[PDB]
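Trainee: On the provided structure of chain R, position chain B as indicated by the hints.
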Amino acid sequence: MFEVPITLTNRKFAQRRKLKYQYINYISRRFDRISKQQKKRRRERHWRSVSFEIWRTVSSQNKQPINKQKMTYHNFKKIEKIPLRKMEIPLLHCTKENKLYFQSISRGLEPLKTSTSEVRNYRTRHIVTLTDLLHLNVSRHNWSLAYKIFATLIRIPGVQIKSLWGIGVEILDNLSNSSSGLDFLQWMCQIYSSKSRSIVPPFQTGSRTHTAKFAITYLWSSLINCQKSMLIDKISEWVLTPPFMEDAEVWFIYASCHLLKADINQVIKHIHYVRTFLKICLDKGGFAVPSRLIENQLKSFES
Amino acid sequence: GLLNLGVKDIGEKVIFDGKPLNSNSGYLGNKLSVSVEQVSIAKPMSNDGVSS
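Chains as they are written, first to last, in the entry's author numbering: chain R, 1 to 36, 74 to 87, 137 to 282, 291 to 324, 345 to 377, 401 to 440; chain B, 59 to 81, 87 to 115.
Just so you know, not all the hints are guaranteed correct.
As the list claims (entries may be wrong) - Taking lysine-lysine and the DSS-like style, the derived pairs with C-alpha atoms no more than 30 Å apart in a straight line are: (1) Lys421(R) x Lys94(B); (2) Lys94(B) x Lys77(B); (3) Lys375(R) x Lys106(B); (4) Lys106(B) x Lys406(R); (5) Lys416(R) x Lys106(B).
Source of the hints: derived by calculation from the structure; they are not laboratory data.
Chain R on its own, in the form it takes in the complex:
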């Protein structure tokens, strides 16, 4: 009853997405008309926008104005009537289950089986139980079992590493026996930071644009390994090998490295330093409500 961490499937689901986005396109085409293939799905899904430290959202103010009824019954069924037929052609080539699937999604029903629910089979149902027991044991603070789970999981030739916070917290409350925590974190980062589609990202990703998980997690957690102090110039040397260098938040990680080094003219240059990266992190992002707090601290330093 939880998301699976393996690449969803082969099967039907492609032909279903076919039917879906093909029909979508026929209706939206005739709709702009009246208002006046993996690739068809691709263009289709394509032309569309793809007191505390909140990445504040973009709120409503310069946005738009009001609309007034577009769509009576007699006029919707206009736009519906033709594309449904063109659909009657390749519907003739997809399978019965997907005839009825398209039929119902087109009546506006919504399925009550899931892609997981219907992908039957010895092996996957076993993985499903394995991963469940993982997520359960981790909820239970049963770090030992949990760990056993995780290990037998990743042993299996199907699981992609989308279960890393799995370890990153698991191996984290497991001081016991294994290289851990930062080990995993900076490992993830080093491996998946270069070149060396669906079924993806925010908490996994590749290069050229940003990479939540591994990056920021080791990138603060090492600074927490320096709250273990009271290391830094290392974290800021290899933090100081950008660029993605639009990673503004990592600009704030850098400025944090300088406020922690600051804790004689050396300490000056470290406070000068943090003063610089805070605004080069006015790049944009959006942190630290008043930087005048950071700066009141920097004046407690200036003493």
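Mentor: Here is chain B on its own, set in the frame of chain R:
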């Protein structure tokens, strides 16, 4: 660093598309401004083939 100061000297490189805009007219079209910003040098690193 010298480079980031050096590049700062080069400044823009300007070229004009020449579209009339349909205002004889002194309008030269869109103005392209090409200038670098800052330069960095990565330490020597070995990527393994492709795949980053």
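Trainee: Check the hint pairing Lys375(R) with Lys106(B) against an upper bound of 30 Å on the C-alpha distance.
Mentor: The hint holds at about 24 Å.
Trainee: CA of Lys421(R) to CA of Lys94(B), is that 30 Å or under?
Mentor: holds, 27 Å
Trainee: Decide if the proposed pair is consistent with the structure: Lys94(B) and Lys77(B), CA atoms, cutoff 30 Å inclusive.
Mentor: holds, 10 Å
Trainee: So if I understand the rule, the pair passes when the alpha-carbon distance is 30 Å or less; does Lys416(R) with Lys106(B) pass?
Mentor: holds, 26 Å
Trainee: Taking only the CA atoms, is the gap from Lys106(B) to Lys406(R) under or equal to 30 Å?
Mentor: holds, 24 Å
Consistency with the previously given hints is maintained throughout, with no hint failing.
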